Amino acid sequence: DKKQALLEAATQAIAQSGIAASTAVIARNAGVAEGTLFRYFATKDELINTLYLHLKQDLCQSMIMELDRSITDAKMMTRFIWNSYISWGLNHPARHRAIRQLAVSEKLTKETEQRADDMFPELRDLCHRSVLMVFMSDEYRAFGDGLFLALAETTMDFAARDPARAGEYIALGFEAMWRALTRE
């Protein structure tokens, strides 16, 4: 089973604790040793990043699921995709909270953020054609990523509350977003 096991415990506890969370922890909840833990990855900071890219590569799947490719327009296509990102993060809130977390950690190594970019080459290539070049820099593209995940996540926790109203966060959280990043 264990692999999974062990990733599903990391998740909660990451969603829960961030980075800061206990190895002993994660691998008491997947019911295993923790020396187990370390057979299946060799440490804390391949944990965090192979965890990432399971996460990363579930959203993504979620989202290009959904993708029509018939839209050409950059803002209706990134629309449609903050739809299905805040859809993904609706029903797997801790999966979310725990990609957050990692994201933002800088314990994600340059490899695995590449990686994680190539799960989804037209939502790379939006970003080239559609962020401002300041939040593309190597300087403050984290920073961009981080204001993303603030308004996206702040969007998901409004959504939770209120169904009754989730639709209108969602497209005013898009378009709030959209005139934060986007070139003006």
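Numbering follows the first chain given and starts at 1. Between two forms, the rigid core is defined as the largest C-alpha subset superposing within 1.5 Å. Compared with the form deposited in another entry:
- In a core superposition between the two forms, the Cα of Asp118 is the only one among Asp58, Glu34, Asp118, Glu46 shifting by 2 Å or more.
- Once the rigid core is used as the reference frame, the Cα position of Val134 differs between the two forms by 2 Å or more.
Take the protein just shown as the form deposited in one PDB entry and give its structure as the form deposited in another entry.
If you are looking for partners or other molecules, they are not here, because only the chain is given.
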């Protein structure tokens, strides 16, 4: 209960304010004592990592349910994964806004990145993963994650504002993302 309420309140606050959002704000919006928040997350760094994992789990659970694992072709599988990301963020704009800030925050621990993958094996190799961002040195993976998230946010913005052409924006954004972030 209170853990879920705190994570939901942290999601809204960071979506609105960035990793800077105050624990006090988060605690009151969750209707708990700030000391109670520290019982769940002793530090802002811990809240960042725990919240990132929470949102990442939610997102990937969404992707798992839309995925058809017959599909082996990487581009097609990647299109489906994109479309599920755009859907997720249109359904949950604060989750997207929060995860975008978390993803590029530089407070994510190697432990946490590790923890993400271990929690959804299905994504590792029911796609055969990647071609996406393989060309980049390790140091620039964060930047490529930022580029992906930038493209996706724009695609969301336009689809939300002009729903009659949502599929068109999604398809154009996909093609942009894929050309940006792959090599043949």
